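Take a look at this one chain, the form solved without the ligand, written out in structure tokens.
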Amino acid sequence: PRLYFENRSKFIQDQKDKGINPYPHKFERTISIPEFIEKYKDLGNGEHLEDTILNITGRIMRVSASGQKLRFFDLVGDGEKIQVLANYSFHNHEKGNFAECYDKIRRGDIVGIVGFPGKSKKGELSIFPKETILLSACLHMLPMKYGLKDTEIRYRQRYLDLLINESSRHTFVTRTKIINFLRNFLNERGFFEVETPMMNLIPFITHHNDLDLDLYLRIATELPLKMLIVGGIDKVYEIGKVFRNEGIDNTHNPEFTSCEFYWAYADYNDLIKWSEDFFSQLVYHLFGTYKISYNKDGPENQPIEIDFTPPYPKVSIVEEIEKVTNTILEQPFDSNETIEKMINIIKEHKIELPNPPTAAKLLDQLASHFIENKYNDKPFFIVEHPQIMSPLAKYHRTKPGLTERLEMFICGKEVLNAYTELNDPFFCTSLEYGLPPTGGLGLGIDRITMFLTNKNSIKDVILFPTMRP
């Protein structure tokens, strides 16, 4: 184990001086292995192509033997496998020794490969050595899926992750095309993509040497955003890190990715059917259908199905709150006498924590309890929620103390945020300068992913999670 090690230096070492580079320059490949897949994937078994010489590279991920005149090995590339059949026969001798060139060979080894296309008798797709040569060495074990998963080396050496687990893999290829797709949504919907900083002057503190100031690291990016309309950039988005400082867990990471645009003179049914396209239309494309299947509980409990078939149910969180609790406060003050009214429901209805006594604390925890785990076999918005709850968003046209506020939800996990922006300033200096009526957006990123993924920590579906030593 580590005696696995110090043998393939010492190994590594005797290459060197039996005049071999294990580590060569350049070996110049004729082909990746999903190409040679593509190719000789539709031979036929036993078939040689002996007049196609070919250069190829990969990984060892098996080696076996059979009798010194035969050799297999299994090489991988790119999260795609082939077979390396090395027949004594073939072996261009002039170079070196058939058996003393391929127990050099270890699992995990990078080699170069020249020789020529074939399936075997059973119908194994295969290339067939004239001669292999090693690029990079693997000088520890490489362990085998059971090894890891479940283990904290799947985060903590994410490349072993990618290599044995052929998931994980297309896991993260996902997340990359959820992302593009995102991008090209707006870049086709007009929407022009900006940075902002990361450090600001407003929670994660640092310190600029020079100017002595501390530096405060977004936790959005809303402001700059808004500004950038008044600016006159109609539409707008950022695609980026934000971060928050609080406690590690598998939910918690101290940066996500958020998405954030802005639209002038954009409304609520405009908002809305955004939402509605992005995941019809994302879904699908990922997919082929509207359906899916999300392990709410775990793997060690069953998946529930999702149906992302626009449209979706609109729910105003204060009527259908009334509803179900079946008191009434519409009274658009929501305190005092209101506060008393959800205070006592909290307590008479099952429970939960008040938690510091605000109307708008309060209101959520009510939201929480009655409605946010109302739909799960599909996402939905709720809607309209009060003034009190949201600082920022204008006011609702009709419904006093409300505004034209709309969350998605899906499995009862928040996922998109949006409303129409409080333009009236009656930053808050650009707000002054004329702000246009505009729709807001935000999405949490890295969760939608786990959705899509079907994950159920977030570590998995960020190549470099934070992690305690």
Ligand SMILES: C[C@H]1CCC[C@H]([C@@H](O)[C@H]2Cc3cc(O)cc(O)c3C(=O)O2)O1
Given for the second form:
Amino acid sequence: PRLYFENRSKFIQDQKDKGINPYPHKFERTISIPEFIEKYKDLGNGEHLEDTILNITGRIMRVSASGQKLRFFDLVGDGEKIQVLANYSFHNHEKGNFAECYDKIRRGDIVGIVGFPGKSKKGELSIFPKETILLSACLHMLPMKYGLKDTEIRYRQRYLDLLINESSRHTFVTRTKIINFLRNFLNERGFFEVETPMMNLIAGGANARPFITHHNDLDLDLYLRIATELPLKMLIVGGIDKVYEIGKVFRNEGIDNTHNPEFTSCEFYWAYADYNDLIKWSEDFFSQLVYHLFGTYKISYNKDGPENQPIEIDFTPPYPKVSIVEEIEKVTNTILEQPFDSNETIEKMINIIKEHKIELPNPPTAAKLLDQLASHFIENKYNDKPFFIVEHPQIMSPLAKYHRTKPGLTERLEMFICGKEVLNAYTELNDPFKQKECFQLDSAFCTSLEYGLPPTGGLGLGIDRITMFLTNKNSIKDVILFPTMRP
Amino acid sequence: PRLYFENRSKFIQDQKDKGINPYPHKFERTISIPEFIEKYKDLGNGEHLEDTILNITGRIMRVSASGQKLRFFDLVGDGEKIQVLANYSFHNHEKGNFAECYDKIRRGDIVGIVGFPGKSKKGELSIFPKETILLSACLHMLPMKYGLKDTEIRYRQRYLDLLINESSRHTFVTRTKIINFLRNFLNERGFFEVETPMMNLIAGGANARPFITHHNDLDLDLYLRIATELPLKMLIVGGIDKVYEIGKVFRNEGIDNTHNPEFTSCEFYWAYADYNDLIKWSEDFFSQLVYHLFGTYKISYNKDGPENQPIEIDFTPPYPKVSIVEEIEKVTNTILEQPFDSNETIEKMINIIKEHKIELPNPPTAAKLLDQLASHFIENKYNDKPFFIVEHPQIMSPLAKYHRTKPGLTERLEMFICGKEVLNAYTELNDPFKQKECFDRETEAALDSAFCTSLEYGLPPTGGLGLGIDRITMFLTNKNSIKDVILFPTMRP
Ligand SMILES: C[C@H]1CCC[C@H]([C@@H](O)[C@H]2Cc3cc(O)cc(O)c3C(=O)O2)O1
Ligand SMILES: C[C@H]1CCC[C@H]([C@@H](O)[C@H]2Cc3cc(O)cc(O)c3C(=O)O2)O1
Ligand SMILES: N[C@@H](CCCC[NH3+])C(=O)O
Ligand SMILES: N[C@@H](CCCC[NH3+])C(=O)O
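Given the form solved without the ligand above, I would also like to look at the protein as it appears in the form solved in complex with the ligand.
Every chain and every other molecule in the complex is listed next, the one we just looked at coming first.
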């Protein structure tokens, strides 16, 4: 129960009373557990290196007292594990009683060990202590793999999940590898990383409810950024012709399996590129990234959890491209002619939503009626592969340059994995005359377009969602170290 | 004035009605401007690679007097420059009149050029167009090479700064070089980059007023992080023995030349490492970083502004160590007995602050008294070198492990450059029983129960360190204000 904790705290006070520091300041270790394994894994069975005295540290993860002269424990560090073989025969008896100094060690204790390496006669690579010191006690009962199988403990006490579940450390290692590969991918291509503000006086770049904070000495209400689109574009005007940023953005919407209020975004902007270059970049990056982590272009994904059969997702280029409005017309046998904000085709879209009894949008604007229609008729079309939804209308793309041969549409692209959007990119609207919302968006951004924004392609990445599909997770809370929870 | 912008706006429309598109979708370029300079810099004076046709782009920054058969321009891109030599005999007349094409070009316009590389017989590398297309026009008149010193322009319109002032691009490139160097420094030594929340229900890890904001659908009031200290330490408990984060933190206080309400910090945590390990890391990193940027350990810095003689800052290790209480005692010729919140020690700390004509802190705490005495008597001791103020009292360091031989003090260190703090680090307090806030004074203090609970699972002996990335950028780019190293500093409209 909880009496374990109170007894362990009383033990700490008992050691403080006896003149023992249960939290020593420094322990100088000679080697780490992974280095220990690679250095000695090819020892012979039963072999000892009793002349090699090492200092090792780790966390005791299992205790077993066979008889009363041999003590076995599991010592873990950095995700790897070795055994510790405390033999009374090799104990330094001037520095303490053998039995009393090993009876105190509990599961979860951080310890420092002075001893030699070797292998048990069965062949288990072990550390052989002459002396073991408590470094930091685990006062609570450390749970085993049961208990952390599916609770909020993994999300509220992530440290427990990292210690107990081998899967999760590999998961967050993979997330760091993904961001690393992306940063180098762009840097190798001449892109320049920058920091744009997170607090601004308007929130543009996309359209979602923002966070409201107040600056005290400026006496001003500021908005957490919903995207990095606008200031990055101004840098393109500033002559930084290949610029990008990886960081958190904040959208005050609803929490679900693919939405966290703060999430990690990557937006790059690429002068003198168009959406044809953006599609090529998307295909190159995702295929090269998937191969970099798996040595193959095909991966497995448990789309409906580990209790259902998984599907295979081939990342070999090229990916299919599906024009949104044309595909809605093919699936519905409807012809939604322009304008799209017509009451005539707002009526037609509503009747399709009514016929199939799809969710009706909050404000039934054409931009969101088109959204809901694609969400129900295109977005889950391809599951064996990633695919693009391209050539969005202009009333859905206020910042995307108009299509050069298709009136009313933009040169936009979104890439979907298993029906989840992980990418948004388009040829950038750069004619200040045509951004008719300049006379929400900033006036600072509009006047910068008046100084000359070159032809530009821009692309945004949802890093958390890509991590999910590459770590085989169904919820975005499994790829964020401390997801935001309700207390 | 607005007449110039209105003229360009009508010109743009006039081209659209004549059939030309002043904003074409895509122009496929063959080579960049730096690549152009690198590939053709060493040609003879007068060379003409007429058969080698290329597609180059850039921004027109100088329009020379029309010679009626030759037109000269300055083309810039990526902070480098080449000359545009439009010759009438090389013009492709199948696509428009020569004079009418180039008369439209204004300074600031972004153009696409089909031409061949060559050198003027004076030594100037040039591009020789046969066709120039407007890619996107500059509708305002740009300032000139030395007419952008009103810096509420440079801060509010950073794109104009980056175009006109050569030093501005160099300053922000150096900032990225700094952060890249820091990331690879930590990654080379086994450290692991992570991301912690920017929004929490408590704001701990420092002593500062926080930004508060509301999550609408969740109906909760959250606090922006003032530091990454607490969740990173919880990751050490999780067994990530070398962990760090480079990102923004938010502190709702006053703005000056060294304070911006949002600023970039980097905190790392290092299991089984202590104060002594952190001292050498600081010396290794700063000395290696400065040498990496400059090829030397000494730099020049205008601590009194660009109008005054600068000083030399030597980053040659080792740097001096000054223990704050001992030095306050030596400079003021007084001895401050313990405890420090003693009423006689408070009294004599107050009498010193008033014998030396010093501002009295708003809450006359024992810690804030030791704060002000430090800044007036120590923090400007050395100006030619970085140096450490060390061994802070525990009443100023609520998360630093108690000094192992000096009761009342911690194993804490702060590094100062020219009086400004850039580094903060200490041996981590890992005894949950000694964290007095897990079972303070009734404004900018303190704790988190999730953090206290994680401590009860065993935080190993750890050293952690925090770097103020922006202030370090200031000293290495010779800037006096933090606004010179932030691309878009937060400002008042
Ligand atoms: C930057 C963008 C480019 C396209 C791909 C991806 C979006 O689909 C984003 C939308 C979104 C909203 C939200 O409120 C909370 C979220 O976690 C997400 C998300 O993870 O993904 O990132
Ligand atoms: C992470 C810390 C530890 C190392 C030194 C440095 C602090 O001195 C920080 C204090 C601070 C407060 C503030 O409200 C606004 C600011 O821009 C800064 C700042 O730049 O530096 O970074
Ligand atoms: N701001 C976009 C990403 C960039 C799209 C291209 N400008 C988004 O939030 O989806
Ligand atoms: N988080 C602290 C730095 C402590 C360094 C070790 N955690 C700060 O903002 O000053």
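Here, rigid core means the biggest group of C-alpha atoms that superpose within 1.5 Å across both forms. Positions refer to the first chain, counted from 1.
- Note: rigid core superposed between the two forms; among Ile153, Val173, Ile328, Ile304, the CA shift is 2 Å or more only at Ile328.
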